[PDB]
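Below sits a lone chain in structure tokens, taken as the form solved without the DNA.
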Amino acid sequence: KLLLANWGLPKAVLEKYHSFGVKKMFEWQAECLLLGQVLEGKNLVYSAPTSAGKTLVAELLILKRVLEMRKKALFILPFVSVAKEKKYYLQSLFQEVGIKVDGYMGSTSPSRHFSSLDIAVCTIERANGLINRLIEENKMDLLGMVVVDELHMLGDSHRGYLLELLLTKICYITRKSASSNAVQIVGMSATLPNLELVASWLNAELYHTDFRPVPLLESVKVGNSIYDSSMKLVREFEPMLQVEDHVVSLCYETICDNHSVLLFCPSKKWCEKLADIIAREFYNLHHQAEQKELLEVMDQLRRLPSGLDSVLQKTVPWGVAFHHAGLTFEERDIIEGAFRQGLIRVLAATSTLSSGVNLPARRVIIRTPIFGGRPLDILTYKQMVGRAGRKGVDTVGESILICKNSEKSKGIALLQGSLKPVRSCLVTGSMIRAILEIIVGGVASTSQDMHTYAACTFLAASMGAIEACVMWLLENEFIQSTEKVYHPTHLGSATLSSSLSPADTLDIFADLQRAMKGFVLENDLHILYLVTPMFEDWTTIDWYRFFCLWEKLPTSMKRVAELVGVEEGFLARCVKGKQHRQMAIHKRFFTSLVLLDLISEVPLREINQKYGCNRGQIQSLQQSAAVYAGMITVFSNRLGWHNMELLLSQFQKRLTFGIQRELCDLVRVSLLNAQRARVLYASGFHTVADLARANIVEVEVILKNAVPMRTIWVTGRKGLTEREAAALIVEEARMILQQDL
């Protein structure tokens, strides 16, 4: 029974599963999938280590649900990058079966309707919106199963509470319809201490396991000695070659064993220093002073829109590199992609890689127990050390945390500690949106029926302020009260449909209605100023630069500032020598200035040295501001503002790819991000129409030129050959036009 072909599976899916190297099913997976009555409708929650094969159980369950009862199945993932990876994996597994898979990851939206789709690999922030849309116009029959990844995120997190509200809405809808099951909620988590309470929250059966494909031997350093988890020496450390910490040696010993190493570092600047240091040691310690495939990685990074990083130039062709937030989104994918093939053997990464894609390694080394002035989180530590040990190759997995002097006490607590139990995070902004997500949906109107929903939440299931949320919504016109029955309003129907927090919608409605009387149209700044999300922590603002920004702006760009409350008298002037709502406007104004150059196709290299924020912190905004333009536009339609939806209709597409209005039709094909379309635009193909009929060999020469074998990089496809990439552009264009009419 522990064999995949024995289980009922499609032939093509099984063959592709062999192609991915998965053909042996562990005992824990079979036991979880044989937990009695789970399969035929009841929801399920299980825990396993990060490398135990958590995905396979969910994939088998969603396959069984899909081919048994035809119904749309969700797939919730916490991060956009992992969501894209999961969608591509599911497509590569499900091409033939006819299960059309596509995802809703922030800026991007499917061309085909959700009814045509069958599996929606969606992020939490947009899965909430999709389920709100489904619940709105009574389309619940299509949904048949919601799959959630990393259930433990529903605690203290910026987006796990959205997952909590989504799951409680689904549970309440299921309970109210019964006054074996319509929608099955299957989730995966780490070693959650209170998973029984979570399992009872959805009344799901629980199966917790600690099976690991390879043993994990966590260890700590003391001078020239290594101590195991339980304060026990396991191996007497000795240095091989170095020119107390000796962090370069631990990489070296694994290097001579023909394996790889992950070297997590606290800060990006530390990552650049550490990657450079290890590269220099590879000169003297290996030369006393695959290569061919490693040069291909260099070639792929050479004609990236940002070019090749200066620090990466002196490090990459040695198996030593670095990968953190400040790097480009395309640069990160290549560097991570090189690790999957083993081309790069050392990665000096930050804490961002902890929650990233599945990146295996033989050894994991963590430089400091303090990350950004605070002790490193246990949840992050478990995710970091969960990457030690490659399945089927490495016989063991080692994690080495470096602690010094008095800091060793904090380090030891991490090894013997356990991840904290989940919380509720529920007046509060989470409950206000929770209440508004139902009444405007019309599912529950009466207070008593609404109070039933309050008993279906996570806070109630763990074992006042619920009615206070209504009183806040009533005072702000969001919901009107009649004989008490609560009805949605024009503003309320817009907050829910656009998927905005009610705290923000109040200001946006006042901010957008401040554009009722005064507007400009020469420059996109004022229109862009209405789609900048916030200042948050996207970058550090340099005011002396803003002094240069303010004067050199044309006579129009300064006019926009006066129209939005920005004062010329105090603009980078009084800050040098030394109001919360006013400070959040000048910083918001600066955020709009950067986005203006982003849609003007100013290259990221220039925009970095000009606005001081590197490409990592800039794509962290344009892919976050593109979603904002996709919610302000929806906010206007539900409020009956057809004038500005027309203006803001194309600004989500212009911010996602950083293009102008000319390439809007051209960037529809997925193989032209921001440079493969302009160089193709200059060749005379101004629309996706004639590009489909364009000559196959003609587009080869145009893509060859304009350089700032598989050197062309494609989103989600790693690197691609120049001939293959250009051949797929016309092939994809033919399908795009054919399926759109």
The other form holds:
There are 2 protein chains.
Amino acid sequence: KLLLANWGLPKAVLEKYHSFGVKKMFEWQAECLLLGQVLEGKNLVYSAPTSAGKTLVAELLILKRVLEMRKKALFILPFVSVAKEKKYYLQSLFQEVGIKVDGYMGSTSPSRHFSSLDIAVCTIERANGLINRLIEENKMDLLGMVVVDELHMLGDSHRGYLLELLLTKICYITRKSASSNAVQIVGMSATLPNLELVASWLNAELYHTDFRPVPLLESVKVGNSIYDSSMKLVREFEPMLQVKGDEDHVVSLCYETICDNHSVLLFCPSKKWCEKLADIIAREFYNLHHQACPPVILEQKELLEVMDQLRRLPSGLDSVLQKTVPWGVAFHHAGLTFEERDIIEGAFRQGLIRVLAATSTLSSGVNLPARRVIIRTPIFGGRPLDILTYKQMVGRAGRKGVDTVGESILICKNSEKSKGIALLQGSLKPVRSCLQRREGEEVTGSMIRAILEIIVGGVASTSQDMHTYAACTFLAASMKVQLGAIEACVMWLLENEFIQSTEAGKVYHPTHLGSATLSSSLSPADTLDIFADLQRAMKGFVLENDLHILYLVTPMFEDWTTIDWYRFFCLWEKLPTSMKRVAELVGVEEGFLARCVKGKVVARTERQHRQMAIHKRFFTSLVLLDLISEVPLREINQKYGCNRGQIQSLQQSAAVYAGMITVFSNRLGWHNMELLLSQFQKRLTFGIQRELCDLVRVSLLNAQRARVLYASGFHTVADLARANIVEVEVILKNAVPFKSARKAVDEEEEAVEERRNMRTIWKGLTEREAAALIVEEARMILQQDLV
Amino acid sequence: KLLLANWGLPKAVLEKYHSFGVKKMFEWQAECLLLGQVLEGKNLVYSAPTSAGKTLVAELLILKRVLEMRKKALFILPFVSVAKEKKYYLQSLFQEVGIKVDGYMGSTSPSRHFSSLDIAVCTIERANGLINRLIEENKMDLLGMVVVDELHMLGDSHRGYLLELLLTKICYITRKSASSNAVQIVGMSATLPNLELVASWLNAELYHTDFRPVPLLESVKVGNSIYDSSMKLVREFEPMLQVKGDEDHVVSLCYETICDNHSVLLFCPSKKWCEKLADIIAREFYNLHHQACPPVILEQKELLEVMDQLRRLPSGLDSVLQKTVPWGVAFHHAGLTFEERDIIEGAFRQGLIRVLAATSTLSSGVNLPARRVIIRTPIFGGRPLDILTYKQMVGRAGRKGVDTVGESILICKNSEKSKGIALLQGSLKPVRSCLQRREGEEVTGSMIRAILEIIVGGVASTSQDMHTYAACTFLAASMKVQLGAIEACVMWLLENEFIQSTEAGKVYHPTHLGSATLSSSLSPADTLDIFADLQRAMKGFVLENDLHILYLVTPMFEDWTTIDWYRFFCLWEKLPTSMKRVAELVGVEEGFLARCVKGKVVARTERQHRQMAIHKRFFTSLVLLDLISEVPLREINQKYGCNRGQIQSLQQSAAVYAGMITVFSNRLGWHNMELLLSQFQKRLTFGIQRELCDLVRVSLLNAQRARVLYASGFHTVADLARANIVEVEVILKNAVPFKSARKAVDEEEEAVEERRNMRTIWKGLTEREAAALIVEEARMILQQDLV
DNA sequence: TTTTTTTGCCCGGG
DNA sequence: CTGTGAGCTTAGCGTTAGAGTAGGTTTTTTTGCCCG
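Having looked at the form solved without the DNA, could you now put up the form solved in complex with the DNA?
In what comes next, the whole complex appears, and the chain from above leads the way.
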């Protein structure tokens, strides 16, 4: 029977599914669950269209196996948003059963240690981290099920190949003893050409379907000609709205369906192009009630509440959104602050917004269905669009039940027509393993990390064991020089001190730099950079300011932003000698800054790669310093060029890097440097104690200045209006870390002015004056708060 | 009544007195207790000769006050040795009544906060510290008494002026409390002139006596004749055993009384001459028996134990004590290690040694009575002997029940004879406070400190309060320049940031540098060096090795040794680059050391008052680095020119500086420096753990290189003989902090070469060899253990 | 011409 | 590498910036102390 009640679920879960509004399974879900050995614990891989109840199968398999066996089930997800979504959803299903559901994702982590959980939801990197901890604890016996979503990610060399490493380690360490299935794996994937090879690699039952609740019409617009997937001409397009300077009539493609109250989604090659088209479409829709075609109903009093909520936010209401949002038009790209993204997505999900320009950010990691998807070009970023990304984009078409059909138009030039058709009539590439070397190529970083994670984990200490591991990879399954690739990795790992060549055959063991890389879950290519910095700090370290810790803690990135090397070069030359000293030690150099402004950005070498890495890391330190130096965000945007979305990506990554490089120092045994880093980690907590934000009402208090007046005397502004101006001066003067206003002998006055300046306040005032002004400000606040 | 039982003592203490001493008070003690107001709680000064029953009156006054008034006393003593002796004495005397006697002295401190104690036996430097902490905590009401010994010290510029400050602060705060006593001061002093002035300052009763249980027959020897103190000729000398070996015939003056079974104590100017002269005297007892008045009774049944009790010491039986001690002849000076002195204290107190040459270490701080004192010259060092020393050296002449009269003989040439007569017929100079400026002299550092302590404790806030305080000093009594001294100090503090100026006249407050100077109880004149070294080391701190953090905790002294600049230069040229960097980053300079080789003495200025005082502190850090490197002391003493008695005082002193400067860096707010110092503090500890001490001897293992074995679990030589060489190799390779062998880019070859040296044991071994030898040496020692 | 002795601070395990 | 729109704000016109995404340990509220 398709009715889910007939499957004998525990009634709490059945009632929750009924409350979630799903009561019957789809036929493909019954056929998948009835595969004979799957319910017996055989591994499974199934590919079905996204949304469409795809996860319902994996949820029922988890539910049974965690009830049939007390072992823990691990749910691995590609992104923190979908991880958090699935965590709270699974909690609402299972918590009434008494199942403990928590997860590892972002800076979120379980309230109590992994022993307490029954189901863990986590990101790929949190999953591969947890497995290394279960191996080191030798508590791998705890792991009873491992559910992998988006199993096609194995080919993504940047991240996602860790999904191959993770499953290879689970298979190897189990089959090392198993030679009734101990760790049932479930994969969820795409309609890959070689999906059955992945199923054979996992020794899994294979199921695949094409069923989707709302059928999807692919199409191309070529001039005015609209072609279906079979290239039958469905229409010659007529623009209902004539637009200045528009050759593609995207505004007519929007308006044609808006006439029936159906929302539109418009994928654009870039942030700028999203804002341009959200502006244009808003300016055309603004004309309608002046010039008028059927009427458009906007429920503008709801958009007033939406747009007010953007005004409430400390970001403020964006100057483009002022123009577009009143008319139900928005744009949505990663340069927005995360609360702005949630407001815009929420207003779309309620149907208040009706047209939404977006970059790829609504293709991956956000689920928002719309009746009509529009893709602005077949070329993205000066390259042809990836077929995987295209097929994710179009899958946004159609709300379940609300739409009878989902529509997608690829917009294309007649000059592009072949490149257009190639996306519809092409198909996904075969999945392949990033462990595979090209014949002429160095052994890949994915293999090097793969070998490191066993040796340093206390597993497979000999090359006989490593080959017995290596033959378990999907590289091996794909193949049925590779026999030499393991011995090339250990040659590389030895030459970079990650492992010890214990002898008398040979046996390999972790160095500290091994256990550090593993315990921090850094890439071996990152710890070559982080270590060569951290070792250079040990030679000579600046304690007097924060910059020389931020340089060690600041996240590694490649092109976190475009860097204007001239505004960096000038901003370096402006640095105080207090902090210009840090630049001297860190290795920022006039010769490289001058070449970065004057030349083309210089090519890499063994030396010049780290030289570049220092500068790119140092520039990111200044931005992170300005964030802790309490520069208002609106200034930093001008000062460096990084938008307010990138700044949150840096605030998130920097805090985590403090924890990682504390632990990296512990495993190295550098317990002095580790204690500096562990105490600095207390200061990268950017979260405002909003209880202090009362004192923040007076302009003269930074968060520390408020907290020290919150600490000393528990000043409310109502009490700061009552304070003795000299007592405020005393409480300020004795809150700061002491810096001598005297020159010391054999200093230079540059340094002495900076110690004085570091105690002046706004550089322009001294406490003997400012302590009066702040009491005057407090009574000027109080007399207004009373009215 | 002289019978102690009539005074109403608690019987436990009375019977303890019967056990320890005698049932009757001396005739003078019943006078001093019956100065009519003393028993009512009036302050008291008294003087009695050379500890002949001196302290019994003070101890009885403590017992009365602490039992009946029930407030907490503070007993202030000039040395830790005297303080240690008195602590056990006052414990064993009072503890049966439950008086919670403990004390603050050296590294020793009570197991609980002050509020638990009833008597705090205390050194001077730690009594001032404790008074400050009472003032800062506003606990000064807890103090019920202070009792003071050697109150004639107030005139010393180097120490003991603290005893003026301490009593001034007690008087000042008492008067501010009063403006039957809140505190009773009992002061014990030499028979000074102007002692009535000291008594008048404290508003105290006065007692003086010349009473002795054993009279002193002072004399001087000149030209083979003896003269009385009254310059009566006693006799022409009767030289026996007369020999050319030393024409002053010291050997005759010693042996002449040895015939009576009574001991000789022979003070000499210097260790080199003292130790030499005990060897000469031992050769004469050799010359007697090897040619045998009677030959000296050697009692070798005990000397052959005591002399082997020295062989058991980590430095063996001293290479000169080997020659002299078989005869009952010894020497005792502060160039011997502390245990050698404590043993020789026993061997003289039991009378097994009969001739003991000494420096002034037996003059003050330890009480070894002997029948005849001999003083080899009126000159000591480059100057005439201080009469306060002479009248203490000759004070050693009598032991209450063992002999009937004490003797002393100063030895003089026929020339310069009057230099001795001025010692015989002289008397002590009147004591004058070191606060006293000369009219043309820049105000003295002991005044500057006195002004600081009252500001930072906050009991004197204004210029009026500091003129009111100054009227409580002993300077004020001595002057009946004071008007210009107080303001000139408040200027000098301001111009060095110890204090701050505010309005509502001017009112003064401590900086953090004030509270750091006071809480470390450093001298203000020292804090200007210590802070300058910290400030220059918040820059450019070398975390790679301890030498920099040693330099910040190295004790600073005036000529802690004479420094051989050529040997220091030969060390500085030869340090590892990782340490030669630390030399540069504290200002050690090749051209300066070249100058100090070219000439030791120069005109100076505050730049040169740093330069010649940076290097002297760094040379002392080199010695501390060798101690914590576990270098053999036989090498150290050869390497630097230090000697083994100093080294043990440096070990104790450096363990103090690391704990003061942690409080210094705490109260400056330099918390990122505090948590480095507070971590290195734990490693300045040269003892051995409860269970390691037997293991660390064997297989040539350094303390932690042994401890890392025991850190795996309890292990013994029998276990180290069983362990697999490869298991120990991994255990050793897991012990060290990581130090990469790779050369970094932008690094010198010499800078990595040290990291590949720092890994080696010592003949330099890697663990592949040493982890075998450690087991082979263990099993071969086990083959000597089992037999 | 080389050359005497002395002293400071904090808190642990439970 | 390959590619294009709208790019700057000069004045009406030329030619350039450009997607989104992830890691770590430790893990809650309060005065006073006593013993090796």
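Whichever C-alpha set is largest while still superposing within 1.5 Å between the two forms counts as the rigid core. Numbering follows the first chain given and starts at 1.
Summarising the superposition on the core between the two forms, the listed residues 128, 260, 315, 107 contain exactly one with a Cα shift of 2 Å or larger, 107.
For residue 397, a C-alpha deviation below 2 angstroms is recorded between the two forms after rigid-core alignment.
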